[PDB]
Structures are given as structure tokens and as C-alpha cells.
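A single chain comes next, written as C-alpha cells; it is the form deposited in one PDB entry.
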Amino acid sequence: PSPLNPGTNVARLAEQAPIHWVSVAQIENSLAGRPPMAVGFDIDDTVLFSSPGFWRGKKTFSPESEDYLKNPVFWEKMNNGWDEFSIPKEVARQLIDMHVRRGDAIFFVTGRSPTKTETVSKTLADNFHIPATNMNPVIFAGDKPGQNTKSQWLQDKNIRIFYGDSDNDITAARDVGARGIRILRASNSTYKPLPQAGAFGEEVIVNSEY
């Protein structure tokens, strides 16, 4: 593929996709005067670059397949310490700080498989300096027996804004009437392909890959 010297032109150089880009400050401004409310965040590639653990999981539990994601031992390790090697995202630092400034209730809603113990809530509160009153234990959402879905949890907790990188984060928000705001998945994530951020006409946060 690729010609050796493909070149370019200035129309291509300056070309922008029609996406509603926003900054943290602009989101904050859009909420000016609104009292404390509930908001939520996806975890993986939204607030934590957790590919280090998923990568190690792939290699360890299914080097020749994709079954690690349904492997209960993987989930034990991933939810009880491998996030010490996850890299918090600066965009999430700024968003979480902004929502703490607002006095908002902060929820983390994940599609990770649940384990009876998890240290992810502690990692999140500690790394993002989340006070107790704003912090809530991580919600493991899904379809399994005993679970409620992501959208059901958004309704139950009256979450008004949901931040995430995956198309299903945005559509979960859409489905319940919440404001879904997209964060860019880092290009060195092992979760591929990358989503088409902005493809629902949703806001996308600038520079949110790191």
C-alpha cells in the first residue's frame, strides 16, 4: 500500500473534520449556575490508560486468543492491583477537579467483569484526589445475573453527564437523555480499532488522549 512519496497539499494540511470540540473550561462554563448534580465516567481509556494490564493479561491468559477478557483470574489481577501500572489521564484530572469544584457526585461505571474485591475505587480516589463526599464506589455494570446495565445505572443515579471513549458510552448517555461527552482513546491503547470520536455529533474534549 502507500506510495513511497505520497506528498500532500495545503487543502489537506488545513482540513478539519466537522466535530464539536470542547475544553474543560468550556464545559464548566456551560454548567455555570447549575447546582450540584451526579456525573459519571467510564474508566478504561477515559480516566485510566489501563492497556498495560490488559496487554499483560492478553499475553498471560490467552496469548493465541481473546479469551482473557472472560477469564476470572485475569479479572482478579486487573481489579486488585494491576491498575498500579495504569497511567491516569490528565483530561480526567481536569474533569474530576472541575466536578469537585462544582460539588458534583462522581460515579465510575465500568464494563469490566466484577470481582468480590476490587482496589480500583481506592486507586481512583487516591490518584485523582477525590474527596469522600464526591467519591462513590466503582459500579460494575453489564448484562450478567445480578447486574444492571450502564444505561440503567445512569438512570438510577440520575447521572446528567457521562464521559467516555467508546461509542457505547455515548449511546448509553443518549439512551437515557444524559449529555454524553467523548474522550479520545490514546493511539497506543491496545483496545483497537480506535472509535470515531464525534460520530454522534457529541462534544469531544480537546487533547484528551493523555
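Heads up, when I say rigid core I mean the largest set of C-alphas that superpose within 1.5 Å between the two forms. Residue numbers count along the first chain shown, from 1. Shifts are known only where both forms have a C-alpha. First, how it differs from the form deposited in another entry.
- The one residue among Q147, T60, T171, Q155 whose Cα position changes by 2 Å or more between the two forms, with the core held fixed by superposition, is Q147.
- Considering only residues present in both forms and aligning them on the rigid core, one finds just one run of three or more residues with C-alpha shifts of 2 angstroms or more between the two forms, namely 142-149.
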The other form holds:
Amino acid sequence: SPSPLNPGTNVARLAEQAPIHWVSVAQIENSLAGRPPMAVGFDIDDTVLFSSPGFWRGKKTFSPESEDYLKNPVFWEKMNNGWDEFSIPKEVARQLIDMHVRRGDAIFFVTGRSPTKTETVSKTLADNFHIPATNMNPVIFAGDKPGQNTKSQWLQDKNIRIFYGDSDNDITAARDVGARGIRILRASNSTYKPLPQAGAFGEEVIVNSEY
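Give me the form deposited in another entry now, not the form deposited in one PDB entry.
Next up is only this chain, free of partner chains and other molecules.
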């Protein structure tokens, strides 16, 4: 802004598509048909949980004027031990997790959240997504360090073959280790802005995955 009051449009613009490799959960499942159980991984924030409520509360509580809350151990303790009660599970994640359970895959969560003394996020995820004990693995809190992709080594260590995530670093962590990185759309009401350019590495992007 400012911008024209009545900008109008045209049918070239209305029909215009970005060249993105869109996929569905069913297409992913089909692409894996006949493949034995393997390790797969999920990002948490804006991938399986709309957790902006806790991040928003955290900023207001711990650093209303800056971004310091993200490096505040007190914030992470709150975030990892109860504030996910307000996090809303994503339907795309329900469908993916169900599919990987059907396959007998081992399911990992690899998050940029900082590790804390205790955490109840693993419980929240297993409960909300109805993940059986055998498929479930305790959440890996990889942390966040500018200049380093903290997730890549975890994907290698756990032999993760597919990694789902909303951020560029989720996709490149997969690329770093030769895994299949698949993009989930970050919701437009997320407080984590700007939204990433889903498909910017030529990766598969799941349709309708903002909710």
C-alpha cells in the first residue's frame, strides 16, 4: 500500500499457475506402494501443529519489543510443557501420520525448538494423532543456530528417508542427507512471517496443507 482503489484483473492472471510439483497424500502413499517399513520424519511447528498461539503468547510475555523470547529458556519451558494445549493439529498431518502408520513406518519429529529439562510435546503428538507406541519416537529437539542446519545430522542419524516440513531449512535438511523433502504450506494466520516460498527447491508440495 498504497495501491489502486479498483485494481481489476484479467483471465491470464486468474488462470495463472506457479510451476510447482503439487502432490496429494494419496499420491505419496502410491509412490511408496510395496516399500517396506522405513523411518520418516516430521517438522512440528506449522507442519503438524498450528502452534502460533504459544509463540504469540511467548513474545508478549517474554519480549514484546524484540525477538529475544526465541532464545529465552523460560519461554521454551512454557512452550514444551503445556502451551501446546492451545496448538491446533493440522488435518494434513492427521492424514500423513495415518498413512505412515498404515505402512508400518517409524515416525520421528525433528523440531527447531530448543531442548528443555522436561517436555510433554511427545505425549501431545502421540495422543492427538493416535500414534501407536511402536511407531512413535520421542521428539528430537534440535534447536536453532543461525548459520547451521541443526536438523540435517538428526535425519542422517535416524536414517530418515522422507522429511515433511514448512520451512526452507526442513527441505534443505532432507536434501543435505539425500532424503525426500516434502513441503507443507504454512497457514497465512501463522505468526511466523514471512511465509516461505513452498516449491522453491523444486520439491513436492502437498495440496491444501495449510490446515
